[PDB]
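S.K.: Single-letter residue listing:
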Amino acid sequence: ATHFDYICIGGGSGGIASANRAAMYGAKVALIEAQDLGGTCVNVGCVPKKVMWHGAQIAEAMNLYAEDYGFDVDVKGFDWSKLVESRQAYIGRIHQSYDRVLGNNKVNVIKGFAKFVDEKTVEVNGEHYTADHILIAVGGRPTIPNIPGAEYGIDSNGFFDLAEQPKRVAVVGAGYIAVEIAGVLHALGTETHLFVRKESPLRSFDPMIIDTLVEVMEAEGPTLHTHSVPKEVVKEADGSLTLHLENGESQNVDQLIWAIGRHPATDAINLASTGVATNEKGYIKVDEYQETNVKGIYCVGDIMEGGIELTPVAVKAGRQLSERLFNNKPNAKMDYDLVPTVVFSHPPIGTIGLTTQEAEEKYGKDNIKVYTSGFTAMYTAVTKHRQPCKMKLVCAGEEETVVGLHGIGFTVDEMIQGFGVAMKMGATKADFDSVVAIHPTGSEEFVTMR
Amino acid sequence: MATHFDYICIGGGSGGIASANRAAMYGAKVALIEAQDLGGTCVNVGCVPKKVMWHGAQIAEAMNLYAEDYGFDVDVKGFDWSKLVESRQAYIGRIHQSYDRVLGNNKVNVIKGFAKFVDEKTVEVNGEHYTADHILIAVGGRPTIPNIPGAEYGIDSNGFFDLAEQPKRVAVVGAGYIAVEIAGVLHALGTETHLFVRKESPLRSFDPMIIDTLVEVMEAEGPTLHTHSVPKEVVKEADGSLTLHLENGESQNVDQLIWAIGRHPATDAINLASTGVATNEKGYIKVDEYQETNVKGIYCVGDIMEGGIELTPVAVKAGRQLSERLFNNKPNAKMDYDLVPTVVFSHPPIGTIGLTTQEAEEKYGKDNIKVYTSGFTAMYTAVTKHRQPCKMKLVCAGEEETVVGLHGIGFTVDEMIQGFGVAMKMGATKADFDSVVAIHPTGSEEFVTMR
Ligand SMILES: Cc1cc2nc3c(=O)[nH]c(=O)nc-3n(C[C@H](O)[C@H](O)[C@H](O)COP(=O)(O)OP(=O)(O)OC[C@H]3O[C@@H](n4cnc5c(N)ncnc54)[C@H](O)[C@@H]3O)c2cc1C
Ligand SMILES: Cc1cc2nc3c(=O)[nH]c(=O)nc-3n(C[C@H](O)[C@H](O)[C@H](O)COP(=O)(O)OP(=O)(O)OC[C@H]3O[C@@H](n4cnc5c(N)ncnc54)[C@H](O)[C@@H]3O)c2cc1C
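The listed protein sequences derive, respectively, from chains A and B.
Going by the deposited numbering, the first sequence opens with residue 6, and the numbers climb by one from there.
Going by the deposited numbering, the second sequence opens with residue 5, and the numbers climb by one from there.
The following block holds chain A by itself, in its conformation from the complex:
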């Protein structure tokens, strides 16, 4: 068996981040990837989703706002396949950047599907590879419900595989993926239906964010269907699919997307040969240093128990692990607190920290203070299509530490990173008040609340 200082299983967000970083400090690294480098994010996640989000934003601009700004515009047509080739060409340039970076760091990239043989050895393409340190970063895959006709639906992967625009779509799920896809499809001219199992989408978000997303969907977005539990998917004689709900109602569509969750891909790598512990749902257990119960085996990214399913989390966790193992920094670790999130819905959502109710449960109702700002972005205020924007700061203690920050509206996706640094430094309402506002922008509304 060939020996390496470090073996990274999975060439996704975590694997690449960790493999490069460990190589920078002179390590001989083997990076094992079965499909394409960059994993879910680069190929069938963040990147392609964003490229289409931008396209959808251009549509909204021409369809909803252009006219009122004085433009006589005629959108003659939208070619979905043209968007796809631009998207995939961009994804291609990303693949060659990685091959240049990984090449310059001497990371040995091995194309194949890795399985464990034992604690210290993995097999790929019939060959055995051994190492002192082994990172498991295989990520997840979409969860397909166990009902009749489930196989007729597609998942987020199949959606990015669509060569042409479906005429009508049922998006099933309440998480950010379902909301993002449902929003992009509607903006691009597809009859879109969003089916959520209970009262609303994004149930883990602040009520202000939920309520505004809901009202904006009702007026200019996909059609929302609450209390919708799938029962069956019937393939009709004409080729369309009919989603039957447990409540008795049904909806006919051309394509149906399952966006009901993801589960870790830890069931086919022969873990039962390593002694590595996992929880009931297949997630790998780790200490604060990304190390499993078996010394020399580590884990970062989506498959980690108590992790966060974002790309920057896996990147940072992987890099900090490489700092620890190869750059003599035993305290180097990942910080999973106050990680910012952005949902590229229509309109976009930005959030950091605790919701109004989470802060009430943690600190007590009377010990928290909430500041809000409701406004119309100037961008849409001059048009027939007024869009609301809402922002909120959730404060706790007498010092009014900003324990939660929430926003929904035009360009909110871009205004959150900086407030995240401030919150990481323990910012209080007074710290927010100490800065002079930038006029005219949407971001000043975060610092002008009283």
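By construction, these hints were calculated from the structure, which means they are not laboratory data.
Take the hints with a grain of salt, since some may be wrong.
To be verified - Derived coverage of chain B by chain A (criterion: at least 3 residues anywhere in the stretch with Cβ under 8 Å from a Cβ of chain A; other residues may be distant):
(1) 43-53
(2) 56-70
Stated by the list, open to error - Derived, one-sided and incomplete: chain B residues facing chain A with beta-carbon distance under 8 Å:
(3) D73
(4) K87
(5) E124
(6) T416
(7) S448
Stated by the list, open to error - Subject to a maximum C-alpha distance of 25 Å in a straight line, what follows is the list of computed DSS-like cross-link-like pairs (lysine-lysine):
(8) B:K334 x A:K87
(9) B:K334 x A:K374
(10) A:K111 x A:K33
(11) B:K33 x A:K81
(12) B:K125 x A:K334
Ideal Cβ placement from N, Cα and C applies to all residues, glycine included.
Based on these hints, arrange chain B with the ligands on the given structure of chain A.
M.R.: Only chain B with the ligands this time, still in chain A's reference frame:
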């Protein structure tokens, strides 16, 4: 006899309104004197109209430059400038209704007319005298028109917003942010635009990374920049068009000429010589840290302040803190002029806070500063045939690497710096920037992933 008020604010702009309202919130009987339209420069002929038209320009760029690469077959049959003016002024009108409502609920007595001082404690408007123990001068500025032949054929920022039809060709004269914004808006909206600067480049007080990037983006897809261009004369040709003549011998035939060479304060013509209040060579009023002049009871905020910052939020906060001090008995309340963030709505937009690379070298010493930078293409334009560069920089000082300067230019940069402004007020170091987890995919994550 003179009518007595607790407070008199001369000028109903950004500083005047913010201060009058705030003082009134605490029970002060206030008189707000305004000669023209409430809201002043910002609302009527500044920030607001400028931004509305910047959005129009952004929509045009989305359709002209990016639409087809995203798959859209678009026919841009025409752009109607008058419709944009109609929408822009309709919005401004709704802002005026808000101010009438708010000033109304606070019981601020709004007086329409031009105010002149009578003495230290009294001002005259429409023949009547008004007096008070506290008087705030917040008359703002006015565009500077150069004294050269045919200068009167040119217009200024005010005249630009008075245009009811799109001019075909325009010469924007100036190197400041106003010239740059107007030139970029006109170019994107379909006007042949020529920007004339007197020296090596526009925005010469900004960091070299910001200048070099704006220059290279203009050269490729923006207005046509003319360096070392000193206006000599403006000729009114027989066909109605204007020819700009430069000292170096060059010339340019255009339809409208916009002077954006600076602004001077509107402090003359209000009889200040009767108050004892001193002004510098350029007409600015000197004040202490609490906005008070050398004459007790006379204050000043906004654009006319010596050593002040000519931005609306600066006037607004300085006016608010002055009222917190005078009418809510907070003797330590004042305005903090350090680390004020700035945004220029150029194409593409610029965001900046604190010191430039060179300013940090002069203050801390070349050897004690570290510069971090990120060069990338925003995903929005990387999928197109019109790739646009984005540049960001963090200027750090000391062994702790305190971020004393932050600079950016690129798509959406305008909205990403307010938050970093909070962090820098809290004394953020490079390690504070590193301690946050990036948001992907955004342009903003580039500020926190530098190594
Ligand atoms: C539709 C969608 C949109 C998303 N949008 C965003 C977003 O906007 N922002 C954001 O931060 N996050 C987003 N995410 C989440 C993000 O993509 C993941 O959290 C991130 O990719 C996790 O990285 P990872 O390294 O844990 O796994 P991955 O990046 O998925 O990497 C796993 C890799 O390992 C490979 N692999 C699996 N098994 C084996 C084996 N046995 N041998 C070798 N290789 C193997 C896979 O082919 C894959 O390349 C999105 C996810 C989805 C599904
Ligand atoms: C084209 C342009 C674009 C700009 N864009 C921005 C931007 O994007 N962001 C930003 O922050 N800033 C911007 N500014 C600057 C901003 O508008 C000013 O800094 C701000 O308005 C200053 O407020 P002020 O209270 O000092 O004076 P102003 O707001 O100008 O108000 C002064 C008021 O006093 C009145 N007045 C004058 N003399 C008298 C008198 N004798 N009696 C009674 N009333 C009188 C005037 O009519 C006026 O209403 C811009 C300026 C211009 C010219």
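S.K.: Next, verify each hint and record whether it holds.
M.R.: Going down the list of hints, with the structure as the test:
1. 43-53: Our answer is that it holds, as 3 residues pass the Cβ test (under 8 Å) against chain A, meeting three.
2. 56-70: holds (count 8)
3. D73: holds (5 Å)
4. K87: With a closest approach of 4 Å, the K87 (chain B) hint holds.
5. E124: Not OK, violated: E124 (chain B) not within 8 Å of chain A, min 31 Å.
6. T416: holds (4 Å)
7. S448: Status holds, d = 4 Å.
8. B:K334 x A:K87: At roughly 63 Å apart (the allowed maximum being 25 Å), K87 (chain A) and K334 (chain B) break the hint.
9. B:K334 x A:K374: holds (24 Å)
10. A:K111 x A:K33: Roughly 8 Å separates the two Cα atoms, so the pair holds.
11. B:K33 x A:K81: Violated, at roughly 60 Å.
12. B:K125 x A:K334: Measuring from Cα to Cα gives roughly 68 Å; hence the hint is violated.
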